[PDB]
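Student: If you want the building blocks of each chain, they are given just below.
Protein chains: 2
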Amino acid sequence: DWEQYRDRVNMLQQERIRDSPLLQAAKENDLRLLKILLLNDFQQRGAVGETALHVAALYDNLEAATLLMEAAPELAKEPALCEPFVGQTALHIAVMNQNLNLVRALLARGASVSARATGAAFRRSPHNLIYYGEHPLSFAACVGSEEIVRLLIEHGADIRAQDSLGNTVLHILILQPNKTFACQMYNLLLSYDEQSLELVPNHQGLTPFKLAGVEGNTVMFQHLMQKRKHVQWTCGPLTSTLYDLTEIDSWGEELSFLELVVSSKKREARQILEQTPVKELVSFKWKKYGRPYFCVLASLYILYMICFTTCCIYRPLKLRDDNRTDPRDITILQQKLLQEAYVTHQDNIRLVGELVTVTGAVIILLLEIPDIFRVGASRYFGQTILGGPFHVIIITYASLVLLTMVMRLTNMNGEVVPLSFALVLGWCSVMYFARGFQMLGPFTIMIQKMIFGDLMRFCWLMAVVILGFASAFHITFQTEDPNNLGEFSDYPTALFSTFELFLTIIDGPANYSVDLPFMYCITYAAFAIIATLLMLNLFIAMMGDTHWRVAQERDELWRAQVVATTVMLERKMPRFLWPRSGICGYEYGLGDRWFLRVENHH
Amino acid sequence: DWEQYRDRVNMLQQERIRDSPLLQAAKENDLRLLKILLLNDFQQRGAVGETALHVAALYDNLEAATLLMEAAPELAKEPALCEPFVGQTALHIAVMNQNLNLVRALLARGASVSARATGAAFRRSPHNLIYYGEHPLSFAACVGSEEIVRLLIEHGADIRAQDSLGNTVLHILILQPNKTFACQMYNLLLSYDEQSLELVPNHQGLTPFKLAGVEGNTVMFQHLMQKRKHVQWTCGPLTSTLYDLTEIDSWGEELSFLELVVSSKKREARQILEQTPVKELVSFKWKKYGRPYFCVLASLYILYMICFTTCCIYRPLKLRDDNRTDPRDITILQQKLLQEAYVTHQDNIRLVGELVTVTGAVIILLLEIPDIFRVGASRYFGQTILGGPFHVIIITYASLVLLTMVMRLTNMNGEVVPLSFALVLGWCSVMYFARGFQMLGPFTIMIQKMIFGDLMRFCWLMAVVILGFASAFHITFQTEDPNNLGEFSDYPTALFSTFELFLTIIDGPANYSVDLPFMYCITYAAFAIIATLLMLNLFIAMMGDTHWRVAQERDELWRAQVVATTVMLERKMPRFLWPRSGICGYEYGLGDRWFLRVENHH
Ligand SMILES: CCCCC/C=C/C/C=C/CCCCCCCC(=O)O[C@H](COC(=O)CCCCCCCCCCCCCCC)COP(=O)([O-])OCC[N+](C)(C)C
Ligand SMILES: CCCCC/C=C/C/C=C/CCCCCCCC(=O)O[C@H](COC(=O)CCCCCCCCCCCCCCC)COP(=O)([O-])OCC[N+](C)(C)C
Ligand SMILES: CC(C)[C@@H](C)/C=C/[C@@H](C)[C@H]1CC[C@H]2C3=CC=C4C[C@@H](O)CC[C@]4(C)[C@H]3CC[C@]12C
Ligand SMILES: CC(C)[C@@H](C)/C=C/[C@@H](C)[C@H]1CC[C@H]2C3=CC=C4C[C@@H](O)CC[C@]4(C)[C@H]3CC[C@]12C
Ligand SMILES: CC(C)[C@@H](C)/C=C/[C@@H](C)[C@H]1CC[C@H]2C3=CC=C4C[C@@H](O)CC[C@]4(C)[C@H]3CC[C@]12C
Ligand SMILES: CC(C)[C@@H](C)/C=C/[C@@H](C)[C@H]1CC[C@H]2C3=CC=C4C[C@@H](O)CC[C@]4(C)[C@H]3CC[C@]12C
Ligand SMILES: Clc1ccc(CO[C@H](Cn2ccnc2)c2ccc(Cl)cc2Cl)cc1
Ligand SMILES: Clc1ccc(CO[C@H](Cn2ccnc2)c2ccc(Cl)cc2Cl)cc1
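Protein chains in written order, with the authors' numbering: chain A, 28 to 67, 71 to 224, 230 to 637; chain D, 28 to 67, 71 to 224, 230 to 637.
Calculated directly from the structure, the hints in this document are not laboratory data.
Please note that a few of the clues may not be correct.
Each pair may be met inside one copy or between any two copies, as identical chains are not told apart.
[Unchecked claim] Here are the simulated DSS-like cross-link-like pairs (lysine-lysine), alpha carbons at most 25 Å apart as the crow flies:
(1) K301 <-> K107
(2) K209 <-> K264
(3) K607 <-> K54
(4) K262 <-> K54
(5) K371 <-> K301
(6) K54 <-> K264
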């Protein structure tokens with residue numbers, strides 16, 4: 028694994044540094060020994079191809095570093111050579127240690143301002159504790175060393191240079207955790223912008244502005260917006276400001292800023308939706324257009340589920356064509372064949388409801404399947420904010436409807452099976468629309484967070500209790516007459532009875548007209564204590580405990596689900612239903628831009 | 028919508044200011060350009079009829095404003111002209127910007143101290159972030175600018191002037207959010223009162244004192260009471276104070292201060308009921324008169340419900356007059372007709388209970404219907420503090436009793452229907468009286484806050500689960516013999532069974548003497564996990580979470596419901612039962628006033 032490899036790399040590196048007297052002296056700064064070694071081979075390299083000057087820079091030894099450079103000035107030009115540290119110069123190290131005196135002394139000797147630390151130890155990854163990109167300028171920037179940043183830009187640091195992710199120094203500052211200084215650095219770098232560096236995309240296509248949204252960097256987002264706003268007037272406690280929406284609303288771009296924020300996997304990204312140009316924009320879009328269209332679509336879907344349900348209630352059945360010879364058989368009706376299922380006026384009235392039913396299942400797949408391939412199947416089905424679990428069950432619903440159509444046409448028996456799944460999944464998919472309503476929306480997120488959290492843990496331990504007790508109850512009744520207590524009469528019935536007895540959805544077996552096994556009363560007392568009293572009530576206790584701790588995040592997830600719904604509706608619906616949002620600049624002489632005006636009290 | 032209109036107004040305003048070189052110079056303060064333009071048409075107006083001097087005042091440019099006034103002194107007199115800003119002078123703007131030097135310079139040039147900003151941007155509304163009324167003095171006051179307030183009063187600001195709501199500067203200060211400075215301003219304005232300005236009503240009929248109650252301004256209320264109290268004595272740690280009740284008790288006034296506070300829709304208004312002249316007054320009224328009369332009325336209503344119930348238990352029925360030919364029919368009795376329903380001594384004893392029952396339903400409507408028209412139907416039925424939901428069900432109860440009387444008299448069949456509603460609603464309306472008792476009162480507010488909150492959200496998602504599963508269970512059993520498992524034998528029974536199975540109020544279907552469908556055991560396992568375990572227990576978890584967060588407001592709502600009951604009883608009951616409260620001043624030589632004396636430890 029990578030941790031064991033990095034560890035060896037570090038161990039071999041320290042071993043070489045102890046083995047070589049020149050690298051050893053570069054780490055210890057014993058200028059006596061180092062002068063004698065240099066007066067007496072300067073190319074000597076550690077375990078990763080690093081020079082004695084990289085070693086002096088790593089241990090921050092300016093005296094050893096200047097002796098090494100005075101003896102062999104060419105060392106200032108050298109990269110490290112091996113897979114972890116490829117391209118790392120003594121200048122990258124001196125910059126990361128903030129040694130301005132060593133950085134000057136290296137630049138005075140031709141150390142490259144444009145060198146790229148291409149090795150893995152520099153790549154963005156979960157493996158690496160930092161990500162400064164690849165260049166001395168990007169290091170000095172993320173390190174928060176203006177004096178080094180100016181010194182490098184003077185010496186030719188290309189400010190528009192890009193690393194292996196395509197990230198410029200501006201993209202890299204958006205990724206750093208000192209969000210507050212990163213701003214002062216962001217302004218220092220834009221003081222040399224003179230296409231703007233603000234508009235350069237990385238290889239994901241993200242500009243710095245889109246990256247601050249995607250990464251949830253709310254401090255850099257609100258800092259970037261201070262240069263995309265104009266104060267129209269202030270009068271007493273009131274100010275009117277005009278925000279340029281060109282970045283946030285992303286008109287006619289192939290993937291918008293708000294899509295990138297709502298689909299981001301960072302929990303910090305949802306906080307961007309609470310910021311001033313945005314909250315007001317997504318709130319305007321939702322009241323004016325989003326909620327009216329979502330209430331119409333919710334109503335049409337519920338009427339379509341009533342239509343589908345009615346085609347199940349009036350499903351085509353006839354009297355069985357053979358006798359119930361087994362006294363335990365209760366089936367009295369059978370399917371009509373296709374050639375007899377459409378004969379009466381009521382069958383033709385149903386056929387309209389069935390063709391509407393099938394048409395809705397086709398339309399569901401025509402609307403769903405393309406969005407799997409844009410968003411990505413895992414995000415499509417995994418993301419709570421995008422509706423992931425409802426996209427699974429609506430595709431499953433439409434698939435079970437189309438399977439039921441193929442079964443009808445082919446005279447295949449057993450349409451009850453796909454229709455029973457399609458009725459449960461079809462109606463529970465009406466919970467998709469709960470996200471538009473402040474009453475139902477946050478509660479539907481508790482249902483989801485309780486299903487995947489507490490109900491899953493409960494069902495795993497509930498299963499071993501049911502297997503223990505269903506087996507004990509089955510073998511207790513194995514020897515007794517099945518007609519006197521039917522609940523445990525075979526292992527599948529004993530499992531199902533024990534599951535219903537666990538949840539108290541059926542009454543505990545009892546027949547006072549006969550002597551039940553004494554081992555049953557012992558086993559059922561232990562079961563009612565463990566299953567019913569302790570665990571079924573411990574479920575309520577752990578749900579009540581989960582609920583107060585999740586209640587803040589559920590509201591944030593709901594406020595984000597409303598924005599994701601707003602963004603979905605505007606991307607999918609015909610534009611004539613969704614007029615461009617905000618204020619057109621052109622009819623007021625402001626040029627091609629579109630704006631949001633907000634008035635605030637202070 | 029108004030937001031899009033205000034936004035255009037702001038955009039057209041800024042466009043004109045950029046288009047006109049004179050308004051542009053008034054905003055930028057480039058005295059070079061402005062001197063040349065004025066030396067070279072001074073009437074030029076922006077998008078809302080505002081002058082270049084309004085523009086200089088808005089951008090707070092005293093140098094541009096004094097050049098514009100020096101070139102054309104008549105500009106100081108000008109209002110703005112268009113619908114948002116009608117009547118707004120440069121003096122309104124200079125006052126709101128607190129520019130005392132510009133305000134003098136305008137007043138020195140005849141700017142009107144009595145101008146009214148009649149435009150909508152000044153009206154009280156949810157659309158407007160501030161409300162300063164219409165006059166320069168009311169602006170200077172709400173802005174908290176004594177030096178400008180004195181300067182205006184010297185120049186003739188009519189302190190008794192009223193805006194389009196009838197609000198004086200005192201009413202407007204009660205509405206402002208800096209409740210603490212507003213007091214220092216309130217005293218500054220009363221220093222010029224010399230009918231008192233304290234007693235002038237707005238167009239709602241509210242004086243400043245009633246408005247501080249209605250708006251829940253507890254800081255201004257307790258400040259107003261410092262001038263309506265007298266300290267009789269202090270001895271060591273004890274003080275005795277005498278509060279004038281003339282304002283709070285509002286004797287013989289058509290609508291009292293305490294009615295206006297308990298019927299207010301502001302959540303802050305209930306906090307007035309916790310203040311020193313009041314809490315002691317409403318507590319005295321409740322112990323001495325309120326609770327004794329409310330316990331008598333509670334007892335009389337419960338005895339009337341026992342009387343009505345007894346007329347239902349002894350309802351007049353006879354043997355059916357035709358055979359039960361359908362083997363699934365269980366009806367054996369039928370109504371007696373009016374001409375046979377009153378024959379025995381026990382029928383005449385009932386008839387007294389029925390005439391008492393009907394008389395109580397008439398009395399309920401005679402007591403209820405007038406109060407709908409005073410309070411207003413929406414407040415009458417909407418307000419928790421006034422008893423809103425109990426006023427709905429008591430009017431509904433009386434209507435179902437009078438309908439049942441019309442049915443009896445007309446020999447109409449089916450009296451079971453209106454009587455079953457009248458028994459449920461009649462007895463649940465006994466919960467109205469829970470508000471008098473500290474044990475039952477706050478709990479009856481949780482019942483209400485759980486019905487309209489958590490039970491509503493639950494019932495919406497519970498309904499789609501019941502529609503999904505009732506349909507799956509119905510079509511699973513559609514083909515099987517109805518006599519072996521009756522629960523899902525038609526769609527209305529399948530809905531009702533699935534509702535009872537959701538809540539575990541009936542046992543899960545099972546008949547071990549026959550092979551049930553395998554799809555039933557699959558569907559019922561999924562149902563018991565989703566309905567019974569997860570959601571029925573998630574109801575308890577979300578109620579437990581709502582309960583601790585609502586528990587403070589429920590106690591405040593209960594303490595306010597007791598005062599609303601006290602105020603109701605005193606307004607409705609015969610005065611001889613409700614002696615005037617407090618201490619008559621006349622028999623101690625204090626004149627016509629009535630007082631509350633409170634003794635306090637400090
Ligand atoms: C997110 C939570 C997920 C939790 C997942 C857990 C699920 C709960 C239960 C598992 C379903 C097991 C279904 C067994 C059906 C047997 C039918 C049958 O064929 O029975 C028996 C055969 O087998 C048995 O004897 C026993 C089967 C093996 C033991 C039970 C299954 C264990 C499954 C373990 C799963 C992992 C659990 C780990 C901890 C969670 C035959 O039938 P018979 O009884 O008529 O005997 C006919 C013959 N005589 C009359 C002579 C008796
Ligand atoms: C604050 C919370 C408020 C929540 C409100 C929600 C309410 C829960 C349930 C709704 C009541 C529906 C009553 C249906 C009665 C049908 C009787 C009948 O006539 O059935 C059927 C006819 O209809 C049906 O087939 C299906 C009816 C349509 C679907 C069910 C109603 C959907 C209502 C949706 C409401 C909105 C929900 C949105 C999400 C909350 C006939 O009768 P049969 O079965 O004897 O068939 C006789 C004929 N064979 C023998 C051949 C079968
Ligand atoms: C035999 C059939 C009837 C069984 C398998 C059916 C399972 C249904 C009842 C289960 C399967 C997954 C469940 C499920 C998945 C996830 C979510 C998202 C959550 O935010 C709301 C509840 C909701 C929508 C629930 C509802 C109930 C579902 C849809
Ligand atoms: C406790 C958790 C883990 C939940 C999920 C466990 C469910 C188990 C107990 C349930 C789910 C589906 C049930 C089930 C499916 C269908 C049938 C066919 C029926 O003719 C006999 C019972 C039988 C065989 C039962 C046995 C018990 C099962 C397997
Ligand atoms: C068919 C009939 C019997 C059905 C419709 C009757 C409904 C009754 C049970 C329901 C309807 C509204 C409910 C209701 C409304 C509001 C309140 C106010 C609350 O502070 C206490 C409970 C209380 C008083 C409850 C009691 C139960 C009521 C009165
Ligand atoms: C889950 C929430 C939404 C609550 C309110 C839902 C209630 C539903 C399930 C209940 C309320 C009243 C019930 C109801 C009313 C009366 C009858 C007549 C009876 O002869 C057959 C059942 C039938 C038709 C049932 C069906 C199920 C209903 C409609
Ligand atoms: Cl789980 C679930 C999901 C969505 C709805 C949709 O609920 C709304 C009503 N509502 C309830 C609360 N706030 C709004 C609705 C019901 C019926 C029809 Cl036909 C249209 C609409 Cl818009 C109900 C349950
Ligand atoms: Cl929901 C409800 C509402 C009101 C009462 C009234 O309860 C009181 C008794 N009580 C109980 C607690 N504190 C006082 C009562 C009962 C019977 C009779 Cl006849 C008269 C009275 Cl005054 C009881 C339930």
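Student: Determine for every hint whether it applies to the structure shown.
Tutor: Now the hints, each set against the structure:
1. With identical chains, the CA atoms of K301 and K107 are never at most 25 Å apart, being 40 Å at best within one copy and 59 Å at best between copies.
2. In this homomeric assembly, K209 and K264 come within 25 Å of each other (Cα to Cα) only inside a single copy, at 21 Å, whereas the closest approach across copies is 33 Å.
3. Taking the shortest alpha-carbon separations for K607 and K54, neither the intra-copy value of 63 Å nor the inter-copy value of 45 Å comes in at or below 25 Å.
4. Proximity of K262 to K54 under the C-alpha cut-off of 25 Å is restricted to the inter-copy arrangement: shortest distance 21 Å between copies versus 47 Å within a copy.
5. For the identical chains of this complex, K371 and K301 are neighbours neither inside a copy (54 Å) nor across copies (65 Å), given an alpha-carbon limit of 25 Å.
6. When the C-alpha separation of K54 and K264 is checked against a cutoff of 25 Å, the pair qualifies only between copies, where the shortest distance is 18 Å, while the shortest distance within a copy is 52 Å.
Violated hints, in rising order: 1, 3 and 5; the structure is consistent with all others.
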